[PDB]
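Kindly produce the complete structure, drawing on both the sequences and the hints.
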Amino acid sequence: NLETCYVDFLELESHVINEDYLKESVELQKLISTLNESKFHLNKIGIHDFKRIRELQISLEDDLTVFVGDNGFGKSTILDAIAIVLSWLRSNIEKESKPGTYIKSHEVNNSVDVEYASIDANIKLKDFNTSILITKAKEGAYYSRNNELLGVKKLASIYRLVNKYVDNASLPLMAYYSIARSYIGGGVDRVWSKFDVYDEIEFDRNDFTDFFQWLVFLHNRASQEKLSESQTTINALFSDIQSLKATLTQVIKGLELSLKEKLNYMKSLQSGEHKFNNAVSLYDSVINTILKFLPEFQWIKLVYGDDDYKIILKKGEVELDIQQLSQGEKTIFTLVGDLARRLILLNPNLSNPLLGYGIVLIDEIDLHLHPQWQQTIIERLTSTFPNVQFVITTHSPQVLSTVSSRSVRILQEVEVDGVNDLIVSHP
Amino acid sequence: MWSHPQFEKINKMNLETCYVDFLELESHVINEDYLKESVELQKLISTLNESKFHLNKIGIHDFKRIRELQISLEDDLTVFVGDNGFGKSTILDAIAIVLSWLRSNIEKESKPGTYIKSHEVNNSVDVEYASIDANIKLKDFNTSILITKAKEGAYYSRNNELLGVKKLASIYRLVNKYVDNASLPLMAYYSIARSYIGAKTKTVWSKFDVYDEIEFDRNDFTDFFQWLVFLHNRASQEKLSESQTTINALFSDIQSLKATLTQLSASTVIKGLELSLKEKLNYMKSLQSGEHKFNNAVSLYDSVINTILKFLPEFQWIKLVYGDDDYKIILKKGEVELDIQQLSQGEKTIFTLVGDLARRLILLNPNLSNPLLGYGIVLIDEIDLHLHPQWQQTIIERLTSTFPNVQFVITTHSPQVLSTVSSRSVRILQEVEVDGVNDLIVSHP
Amino acid sequence: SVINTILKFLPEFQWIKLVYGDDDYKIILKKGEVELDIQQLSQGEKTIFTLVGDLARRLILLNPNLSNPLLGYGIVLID
Amino acid sequence: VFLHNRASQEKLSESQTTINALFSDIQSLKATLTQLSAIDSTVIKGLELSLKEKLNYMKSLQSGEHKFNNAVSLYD
Ligand SMILES: Nc1ncnc2c1ncn2[C@@H]1O[C@H](COP(=O)(O)OP(=O)(O)OP(=O)(O)O)[C@@H](O)[C@H]1O
Ligand SMILES: Nc1ncnc2c1ncn2[C@@H]1O[C@H](COP(=O)(O)OP(=O)(O)OP(=O)(O)O)[C@@H](O)[C@H]1O
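Protein chains in written order, with the deposited numbering: chain D, 6 to 195, 205 to 264, 275 to 451; chain C, -7 to 190, 200 to 267, 273 to 451; chain B, 309 to 387; chain A, 230 to 268, 272 to 308.
Hints in this document: simulated from the structure, not taken from any laboratory. The beta-carbon is built from N, C-alpha and C at its ideal position, and this holds for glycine as well. Any given hint could be a false lead.
What follows is a list of derived Cβ distance ranges for each label pair [claimed, not checked]: (1) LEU315(D) with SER116(C): 21 to 29 Å; (2) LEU424(C) with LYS325(D): 38 to 46 Å; (3) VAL327(D) with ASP213(C): 38 to 46 Å; (4) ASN373(D) with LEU424(C): 47 to 55 Å; (5) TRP323(D) with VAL342(C): 51 to 59 Å; (6) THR223(D) with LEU315(C): 40 to 48 Å; (7) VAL117(D) with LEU369(B): 30 to 38 Å; (8) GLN436(C) with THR223(D): 34 to 42 Å; (9) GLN264(A) with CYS10(D): 53 to 61 Å.
In silico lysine-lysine, DSS-like type, Cα no more than 25 Å apart, as pairs [stated by the list, open to error]: (10) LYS334(C) with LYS354(C); (11) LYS291(D) with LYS259(D); (12) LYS80(C) with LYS338(D); (13) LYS56(C) with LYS325(D); (14) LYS80(D) with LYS339(C); (15) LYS334(C) with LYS240(C); (16) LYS158(D) with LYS28(D); (17) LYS286(A) with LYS277(D); (18) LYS354(B) with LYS201(C); (19) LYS56(D) with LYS338(C); (20) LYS277(A) with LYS284(D); (21) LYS208(C) with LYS334(B).
Sample of chain D residues lacking proximity to chain C, with all beta carbon distances greater than 12 Å (derived) [stated by the list, open to error]: (22) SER96; (23) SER102; (24) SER407.
Below you can see the structure in the form of structure tokens.
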């Protein structure tokens, strides 16, 4: 009983003092164990008078659900509705009563019979359950019923309290890869990471530059920490900060920020972990993860020259930069790099960081891929990220031909009582 | 691009000889009426009109991945098939590069075009430069062009050969000078950046606005909207005025004829009324719209609308409705009216592609009765973007049927389209290691 | 009503109309036996044009019942 | 504003000691720039601009001995 354990722990800590004993309290350890055992899951969702859809109840499996359908059959509507539902939970977790995304005026059905739009959802964590309803009526109409957010604020409170007690607490990933994952840049060829700053970022993705910066930082940490060649790094950083202070005594905001950065660098001794999951292990895991999806290439490196860093790939007998790749490997490299970036970043305690929990939504999985790549992408993604839940869409038969019978949902349009309505089915 | 004393040589009827003869003749006569009525101008115009634009062959050396390779293109349709990383795009950018210099030299002579970027040359140790060559055949007239760039760090120079393009462009400008509504060729390129699609109140439209850039991106969609409403209001102006008078009088005669059907069918007054109706109908048929096909207005607007509706069989009609402060395009799918922002990605892609092609063709050929029969070349990359297999099987034959005098170059990715293409217009790319060096080859089926 | 008001203010013209040509569109004014464009007018004529246009627009919109809307009441201040 | 402030110096009857103080401040700024050059591009550019301004002020002070320009006359 997660709810009972949470209530008991809150009651015990509320009428107690000496936060040190609160940390030593077995209730917090039990809560942490219960949270770790629990796995993120979205069991079902109901849609009412949203866009083309007029009435629908959908249930999703534990691992992977794929919607196959023709053009104009509401495939993207399902993803947009799920994104809307997840937005409120994300906002509540990140900040106190943070407003989320609403339902736009044109989202409601165009028929004159409908007066309001509503979305209902349910989330299950092992044994605990919760639900949420979001509504938005039409223009110029009474009975403006409101939305219910008590359940999501309940869920959120547990996570924020757990992260407050333990600074190493993990969090669930929620991300959404839309059609926008493609641009002229294609997610490539568009000051400091500040160590780790947990990102409750928007589910969509627009900028990959962070990836580059973050990587550069991981490489510098890898060289300095595991390969030594730094001596008394903390003392040297403190001396650099002292010289900065002397220069300041002898643009002011920039100098102060640089001094704070020097102090943060000098805090490396304060951090002092050098654990089994060191920087070089993370670097090798990232590189081998990317190379798993690109069998043709041989090795990837980061070359420093002309006071700048660049990425070098080897194909056959010719070395290529990053600008010279095609769109096919640009898409795969960007998507995989961002997904593993978030996994490695939001779970700083696991021995193998690619084992967290989350939910990922992908639209049009088969963009810029030849059939040979289309026959094996889904198995690679499923095997690589085991404890994640995927929701993807596709219309290419080559994608569907290698999918199990229990994971495929087919959309159909059928006219009942003179009105065409969308239905779903299993083979 | 200059004059000569017309060296006799041997008798021939080449387009170049007519061009030189006209240049020699115009250097003597001063009156413009004689020049505008001379038989040499008529010969030059007829020869230029009956000739058909057609790119012949292309060769690539040391450019991007391709090391050395030559292709020959059919005059109506060609398709390249391959996997990722096989240089499908490289050919298209090579053709766009060579066509840019011809585009530039028509606006104003001695104007530069597009060069080779410094990161396109091959990365191998033994390379020194890269080059591209091409050839354009106007029935019996042949031109060629070479573009090249030396690798950075070398100390040996290379130039470009630009005699052919300058000479060909001068013919087009000379014909455009002495003819009111001369046509021009059509060149376009639909890159993979059509995804980005999603004022000062311009009042003047001309055929030289479509020559600003060869590629399609961003503001062309905006201008298409401005152009469309301009067409619609012109139809309204023609719908009013004297066209109403003949509409009303004929309707009155129809009513009178209907009355003759009634009243138990009732010379004299009947003969006079019938004669007046016959005279009015004869007068209206005599006008024949005044300009007939030339008047356009309604016919052009409906031709554009029906052309767009040809690719979307599930829709009924498209309308332009004036809101209180803005204009709106309204569709109707099934039994529900739709807006342009509420369409799926596939229908948006087809809408933009067909609308842009129709706008370009109509703008470039004003004199033709049916503007959809112009010449030119069109390049398309990955035709199967956001399209289900049902639409994949029929897009090609509809594109070829709607525009029958336009050369097409298309690159594809899936076997669904390959099931509906003739064997004479398929080129298949491959990778083969020969003499210890990996290289790309093209094989006919 | 607005067009007739402007025509009444300036009797040296004959008619004003908007013409959609084959490749453009423009406003045409006829005076005597000459056709002129709206953009050939000087600064003074444009100032008078917009002043009378706004005054007529307000007077028409304020008296929707009178047979001749140019017989309203009010006060106008010009600097 | 600038024209007025310069005339105030003439009213203040600033001697060569002001020039010496400005030169000392310029030397200190140069020393700080040299120290910062070792182990902030915008800061370096700002320091270079300030040093250039100080050098221009020193040249203006030198030109002041050559009958100056009578900034009070320009103001009037
Ligand atoms: N308010 C509305 N009322 C009625 N029909 C609507 C409304 N909004 C959208 N539609 C219809 O929904 C259809 C599908 O739109 P939608 O954006 O859901 O595409 P989709 O099929 O999910 O997308 P994709 O092809 O990317 O999978 C459109 O053809 C449109 O006619
Ligand atoms: N300078 C270069 N030297 C060697 N190879 C290069 C160079 N520049 C690009 N390439 C090669 O070009 C290949 C991609 O070429 P290209 O984009 O034409 O192919 P494509 O995948 O068929 O095209 P698209 O997906 O854009 O339609 C890369 O795999 C890379 O090896």
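Evaluation of the provided hints:
1. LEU315(D) with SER116(C): 21 to 29 Å: 24 Å, holds
2. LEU424(C) with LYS325(D): 38 to 46 Å: 39 Å, holds
3. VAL327(D) with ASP213(C): 38 to 46 Å: 40 Å, holds
4. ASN373(D) with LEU424(C): 47 to 55 Å: Holds, since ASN373(D) and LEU424(C) (Cβ atoms, about 52 Å apart) stay within the stated range.
5. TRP323(D) with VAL342(C): 51 to 59 Å: Taking Cβ atoms as reference, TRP323(D) and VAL342(C) lie about 56 Å apart, which means the hint holds.
6. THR223(D) with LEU315(C): 40 to 48 Å: Check passed, 44 Å falls within 40 to 48 Å.
7. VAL117(D) with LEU369(B): 30 to 38 Å: 33 Å, holds
8. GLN436(C) with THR223(D): 34 to 42 Å: With Cβ atoms ~38 Å apart, the hint holds.
9. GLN264(A) with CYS10(D): 53 to 61 Å: 59 Å, holds
10. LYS334(C) with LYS354(C): 16 Å, holds
11. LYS291(D) with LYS259(D): 17 Å, holds
12. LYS80(C) with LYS338(D): Holds. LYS80(C) to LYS338(D) sits at ~21 Å (cutoff 25 Å).
13. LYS56(C) with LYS325(D): 22 Å, holds
14. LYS80(D) with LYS339(C): 18 Å, holds
15. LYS334(C) with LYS240(C): 21 Å, holds
16. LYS158(D) with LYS28(D): 24 Å, holds
17. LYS286(A) with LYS277(D): Given that 25 Å is the threshold and the Cα spacing comes to 23 Å, the pair holds.
18. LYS354(B) with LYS201(C): 19 Å, holds
19. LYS56(D) with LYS338(C): Answer holds: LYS56(D) to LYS338(C) is near 15 Å, not above 25 Å.
20. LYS277(A) with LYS284(D): 21 Å, holds
21. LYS208(C) with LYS334(B): 19 Å, holds
22. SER96: 26 Å, holds
23. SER102: It holds; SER102(D) is separated from chain C by about 32 Å at its closest Cβ, greater than 12 Å.
24. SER407: 22 Å, holds
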